[PDB]
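Undergrad: Single-letter residue listing:
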Amino acid sequence: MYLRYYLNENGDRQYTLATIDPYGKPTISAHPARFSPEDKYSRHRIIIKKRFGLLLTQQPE
Amino acid sequence: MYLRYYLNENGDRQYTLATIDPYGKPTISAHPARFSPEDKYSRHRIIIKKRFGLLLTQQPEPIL
Amino acid sequence: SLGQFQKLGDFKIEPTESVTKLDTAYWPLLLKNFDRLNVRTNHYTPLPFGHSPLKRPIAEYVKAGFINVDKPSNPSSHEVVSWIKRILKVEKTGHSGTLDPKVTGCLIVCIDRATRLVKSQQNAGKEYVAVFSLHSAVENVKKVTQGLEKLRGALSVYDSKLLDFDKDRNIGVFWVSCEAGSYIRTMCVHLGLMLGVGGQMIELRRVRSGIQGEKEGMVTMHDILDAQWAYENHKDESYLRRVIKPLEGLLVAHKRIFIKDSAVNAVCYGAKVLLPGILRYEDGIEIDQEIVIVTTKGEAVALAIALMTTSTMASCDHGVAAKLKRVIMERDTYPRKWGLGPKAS
Amino acid sequence: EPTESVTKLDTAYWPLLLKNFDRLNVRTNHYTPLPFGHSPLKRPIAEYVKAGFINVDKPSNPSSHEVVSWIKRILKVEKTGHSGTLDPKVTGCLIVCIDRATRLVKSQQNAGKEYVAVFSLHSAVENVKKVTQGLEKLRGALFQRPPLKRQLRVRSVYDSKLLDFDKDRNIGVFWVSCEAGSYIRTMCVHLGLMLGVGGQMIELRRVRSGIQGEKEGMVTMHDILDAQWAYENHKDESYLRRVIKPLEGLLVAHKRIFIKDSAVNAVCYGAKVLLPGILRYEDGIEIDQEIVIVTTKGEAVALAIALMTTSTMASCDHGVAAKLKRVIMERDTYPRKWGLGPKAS
Amino acid sequence: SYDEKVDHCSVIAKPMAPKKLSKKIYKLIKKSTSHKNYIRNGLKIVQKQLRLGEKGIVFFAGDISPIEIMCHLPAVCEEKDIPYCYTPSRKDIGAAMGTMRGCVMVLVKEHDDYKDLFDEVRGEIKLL
Amino acid sequence: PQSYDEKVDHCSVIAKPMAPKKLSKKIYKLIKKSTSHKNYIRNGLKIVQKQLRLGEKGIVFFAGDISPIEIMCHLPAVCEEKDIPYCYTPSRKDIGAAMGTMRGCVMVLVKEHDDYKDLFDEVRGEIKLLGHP
Amino acid sequence: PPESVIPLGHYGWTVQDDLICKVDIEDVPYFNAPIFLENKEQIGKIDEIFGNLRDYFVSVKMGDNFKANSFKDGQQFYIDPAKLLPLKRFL
RNA sequence: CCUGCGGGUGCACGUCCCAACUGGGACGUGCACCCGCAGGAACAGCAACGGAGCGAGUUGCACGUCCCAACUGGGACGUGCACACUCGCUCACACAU
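Protein chains in written order, with the deposited numbering: chain F, 1 to 61; chain H, 1 to 64; chain A, 28 to 182, 200 to 389; chain D, 41 to 188, 193 to 389; chain G, 25 to 152; chain C, 23 to 155; chain B, 63 to 153.
Some clues are possibly wrong.
Said to hold, decoys possible - Among the chain D residues that face chain H by a calculated CB cut under 8 Å, a handful are: (1) 110; (2) 198; (3) 201; (4) 203; (5) 204; (6) 207; (7) 208; (8) 263; (9) 267; (10) 283.
Said to hold, decoys possible - PhoX-like cross-link-like pairs, simulated, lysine-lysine; straight-line CA separation at most 20 Å: (11) A:299 with F:40; (12) C:29 with H:25; (13) B:84 with F:40; (14) D:170 with G:104.
Don't read these hints as lab results, they were simulated from the structure. Every residue gets a Cβ at the ideal spot worked out from N, C-alpha and C, and that includes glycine.
Kindly generate the complete structure, drawing on both the sequences and the hints.
TA: Below, the structure is given as structure tokens:
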């Protein structure tokens, strides 16, 4: 899709149609994953996300 | 017995079944020395440990 | 060594210091800056009933929470609300702002008892970030910037800013703030007309709904589903406590009046919040102002409208201090202890 | 230096129940100090043992109860207990309470344990990735049967991590964090089943029992023997103090409530903590929570269940701050000074 | 280059094929497109096939965000015992599949035309 | 093959006095020679401990590579009290090989005999000359 | 002897002379509970109930002639309704 | 009087057609949008007569002496060691200057 964004020091979201932020990294697409209520892959999402420490429970605060 | 360990920089017990450790030095067994209550060798242990600096009172005091 | 000093030092609390200031700026939710509230009376008997907002049981927590959800692109907001109702297995669920089917962003979904606060959120501020395309090219970027500057007012649009603009594709992205009920597609077509070439939207992303924003614990629908599954298999609610947030979080911008634990169930059963049960209040209360009645545990008893200025509440000994607008506390969460007073008897 | 004032050391370095005593909420600095009681780490030796505990790296063969009775026989104490039973062929931490500290045995049962086991798989698995995944899927609340009652129980395995796998011997090691009561023999049997090869636990070693671990003043039984030998035959109390630690170290994780020297004896006689006697209370106190009442010297008066939160104590002038669950300090340790309040009517 | 691309990938992109393995993996994709039904491309088809029980080696492109679209498929592959590995970027998958459009993931079955490269890539993956 | 200098560094901080290389060869030769008579060499922790308890004179040999030390760290001071000379050997496997049983023993008790009087004398004097820390 | 039988769950894998059968019904079977086929044929008894508290497995010990290999993927296994417990009891 | 409660469009899925984290069609499932009732009538009481401490009920291990065939595992002979409620007694019944 069109919109993307990149993070400044504060974690403040900086929206931009650019595919590359001024810092050289790629630009994260603003939009979340399309959701299906009849999704049975939740166990596998927790398993994988936990391996790489991306789960909500694993962040500070 | 199987379980042996080697210490890292933080002095955290790193458990390995290997007889030799990563840096090269050997691995210290993970089990305390067998204890029998009728042990009449306290004086000798105290003497040796004091000689080589291993008694508890000689290591730096904890930080509770 | 420091251990030797610990084993040989007295290390006892000093007999006196003469100062007892509290640092309440870091207490959660409606107890922030607690000590700064005007203190009317500290004489009262707390009851063992009721929990603190953040430390409720899981059932009562879900029953009185809200989710700042990142809405997926495709569905309609009411679909998201139905989905959350199904997943969390909660009787009632609603929301304040209805985002268009093809929109994404913040969407405050209230769960089964914060649904009494949806009416209050309908007027709350809102922010967006839109991508738009123009039918024909314009002279320069400054023409667009000026065109945006002419649509900053009662059309309301509190602020606006051209975050990006690509002249090759004639597509740019701008950030807008607007009062609730504003249709940003109308604003974009109006900006197109003002620019003299016309325009229409392609994308839109709500970036704040009131005091709730992108970095304020916004969570995807996947997080909701995973939280429910983790709670329904591992019997773990750490996920479901990160996802849901206590409903007191939406009322943190209101002035507070704390009340005794003996007037809580009276207010639940409708009684007006009379002075004889006000322990503390926030300076700056003006007649006809929305305030929140709070227990001393941080619980949002209700939403009332003030009939007494801060000064009057400081300088008066009887009378009604507020009339109720919405009883957010469920009845019988505290015992009925109205009618045992000295004057009443 | 030895004679440096107590205040000259930053409050983040105080002894074991005073650590960060200023980071607490100061209800009043004013109290008359009394000349009784001792600082936990400065007690006379005859009372240090009675009000202490040990962290015994258990030997291989003997049972846990045998180890506890052995310490009782060496130290010539009247009573001794332990807060988690380690199998006869299982090594690792074991918290042994001496005399008065046995009252904290029950409070320590529900502490989170940790083990480091060795498991041998009958057949051969393809890759250590299979075994890592197998440990991954065995997490959260798990069905577990006590090894050869037969009542199935559910205990959670908060974490697990494979440290070593050695394919030729088909044996490896894995570190498991578990709730109290977890059977790791059963965990190994189930894991062998899960990988599809079979397997069993051939060696176990506890690595932490609550807040105490192998790097937290753990000592072998030879050390207790030699400490007692030093005390009897040389009159040296240094070894016995290194080996035995005060019971206040088992309660560093409990939210604290300091009380005046006047109230310390009332609590010992069954009195509930009352707000007038509170000098300092710690944030995060919730209804029905376990907290530790502490004298101004850091001694542990009792374990009490909070009946008022931090916000309530901050807004009241009397009442019951906490009910009692297990009084630790002996009676008449402090003088009887109850009945002499500002009214005394 | 290649190292900068790997830096540009996501944190969940592990195991990762080296440059040489990437060249071999991409040769496999190119040799597999030749036959219509023996290569599955795109999220939906690959996922439906994995659910059905198709076998082979799955390939992922680690430059995808939000990972929520494919953060569950690595674990489906592990459960179903299908070798897999990530690759530095999507535009290589697209270019190597005969489509300028980038392709997030694929699934290469076994055909005797490319048996040797298939087994070689499988072995190299199993050793990572 | 493991060197002798590096092999010594692997011993515990209690493994002193540590027989030098030549003395170590002399200690291996002695143990091999004494093996001939079954009832003139003790082997094993319990056995050596029992005989040192029962007042049996001779020269005891330990293994520098022992862990934990609290299974044999009391024997050094029992030998000192009872006036039995002793020296630690670079590693246990060497003593095991000396007996030729492939199962390294922590310690050994070599007594005196006519067959190896000169060697037993040569080693005892060298150990005494080594000195105790 | 089984007055009735209900579907316990479908097939998993094999571990030596054991058959792990992915249990489906939320209820937890009895230890040493005779597991029957569709036609009320006892093949063995339960030995090891392992896994989480809603998606778990239950091993069986085939004694009366039936073997682990005799069964095949997808096949279904039954149990007496009276030899179950409520998921809340253990929880 | 106050309160609470009620009064053909799109989307997701599975299956097939063809010509990205997709747009297109069809078939079927599903989900979303196009005054009455009840509670109370409230001026917000309660600075100790139920809490604590004790007592009772609801085979292996280590030593030594021996037999033998690593910090061992084995045998025998003797040693010592561990395997929530109710009922009683006592204390005060405490708002902590």
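Undergrad: Take the hints in turn and mark each one as holding or not.
TA: Hint check:
1. 110: holds, 5 Å
2. 198: violated, 28 Å
3. 201: violated, 18 Å
4. 203: Where the cut-off is 8 Å and the nearest Cβ of chain H is about 15 Å from residue 203 of chain D, the hint is violated.
5. 204: Result: violated, 13 Å to nearest chain H Cβ.
6. 207: holds, 5 Å
7. 208: holds, 5 Å
8. 263: Hint holds; residue 263 of chain D Cβ to chain H Cβ min 7 Å, cut 8 Å.
9. 267: Holds - the Cβ of residue 267 of chain D comes within 8 Å of chain H, reaching about 6 Å at its closest.
10. 283: Holds: closest Cβ of chain H sits about 6 Å from residue 283 of chain D, inside 8 Å.
11. A:299 with F:40: violated, 45 Å
12. C:29 with H:25: holds, 10 Å
13. B:84 with F:40: holds, 17 Å
14. D:170 with G:104: It holds: about 12 Å lies between the C-alpha atoms, which stays within 20 Å.
The earlier numbered hints that this structure contradicts are 2, 3, 4, 5, 11.
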